[PDB]
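The chain below stands alone and is given in structure tokens; this is the form solved without the ligand.
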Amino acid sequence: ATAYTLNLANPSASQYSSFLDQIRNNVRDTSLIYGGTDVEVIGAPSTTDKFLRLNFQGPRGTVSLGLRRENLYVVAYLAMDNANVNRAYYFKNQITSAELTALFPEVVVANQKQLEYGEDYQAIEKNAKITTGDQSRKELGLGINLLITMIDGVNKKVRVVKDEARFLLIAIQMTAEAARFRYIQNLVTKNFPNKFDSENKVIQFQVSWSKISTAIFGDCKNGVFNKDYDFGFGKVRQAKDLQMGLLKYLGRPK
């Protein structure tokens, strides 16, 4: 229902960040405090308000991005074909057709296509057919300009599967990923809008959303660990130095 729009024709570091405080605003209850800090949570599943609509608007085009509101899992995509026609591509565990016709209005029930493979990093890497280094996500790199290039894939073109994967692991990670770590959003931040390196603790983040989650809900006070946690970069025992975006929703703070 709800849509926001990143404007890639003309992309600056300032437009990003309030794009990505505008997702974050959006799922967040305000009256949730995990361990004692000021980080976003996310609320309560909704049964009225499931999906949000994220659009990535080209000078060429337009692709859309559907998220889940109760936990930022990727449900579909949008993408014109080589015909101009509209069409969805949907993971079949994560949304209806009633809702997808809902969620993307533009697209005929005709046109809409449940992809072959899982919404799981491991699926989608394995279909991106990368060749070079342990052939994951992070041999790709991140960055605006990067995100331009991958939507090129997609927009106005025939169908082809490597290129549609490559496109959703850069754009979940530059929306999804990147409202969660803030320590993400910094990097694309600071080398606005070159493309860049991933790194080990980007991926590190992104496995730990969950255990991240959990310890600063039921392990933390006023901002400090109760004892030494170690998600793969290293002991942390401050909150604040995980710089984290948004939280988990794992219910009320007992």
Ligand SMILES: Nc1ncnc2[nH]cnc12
The other form holds:
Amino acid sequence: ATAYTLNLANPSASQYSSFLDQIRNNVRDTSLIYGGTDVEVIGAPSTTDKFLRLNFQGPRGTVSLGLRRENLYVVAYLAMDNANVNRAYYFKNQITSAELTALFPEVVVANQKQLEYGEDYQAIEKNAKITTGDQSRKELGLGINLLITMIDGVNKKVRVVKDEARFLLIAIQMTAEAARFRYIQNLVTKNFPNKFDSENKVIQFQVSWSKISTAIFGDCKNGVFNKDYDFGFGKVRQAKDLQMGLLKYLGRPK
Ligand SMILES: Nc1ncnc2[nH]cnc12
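Alright, leaving the form solved without the ligand aside, put up the form deposited with the ligand bound.
What follows is the whole complex; the chain from before opens it.
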């Protein structure tokens, strides 16, 4: 599979942004124009190139993420354990052993482990054991320095579910979600490279990806919605106000 690398040993805002653009440009179908907007749209599912590999390169090791090109869903991750042995962890309904072998060649079949929980935020959040506030991912914050800290929890260490879950929550939001929502990307670069507080608006965007995509796809003309929409953070009339980075594939426009 194709692989893009984020250098966390020497991070820069420009590098992070280009990294997100590489993801967007890889999965998009440039012939697709939704609601007369210039926002990138994910192309139809491929039977050949199903996965994308993302490498988080740090000073003491590299941790990798596997994403489904069809929808940017995280399907697995790779990290060396305390014995420097490469191990791959995957979500059952998301990928097979043969595909995992092709995605992460450095991991032998015996070292492929199926995760006990679901790939949805709810399942992951419960295993992250967040003890404050609403106990959701919002409570962890966001940021480059936070991502680095989370990677330290899985890189070259014995697997601890709590640490693995927290890493996944941050890794998914800093890649897949940031690719989908420019608002999230802009928050990261505006605060680069510091850890900062997340917002309700961040969560609201995330849970409304499909709704936003459907709205632009079938109820938007030349960037203007046919009616007022509210995804949780106020009324929106123009698609531009949503600062979208990537829209969900819903077919070709009619
Ligand atoms: N595993 C996942 N990857 C990306 N976006 C998601 N939204 C919910 N679960 C997700």
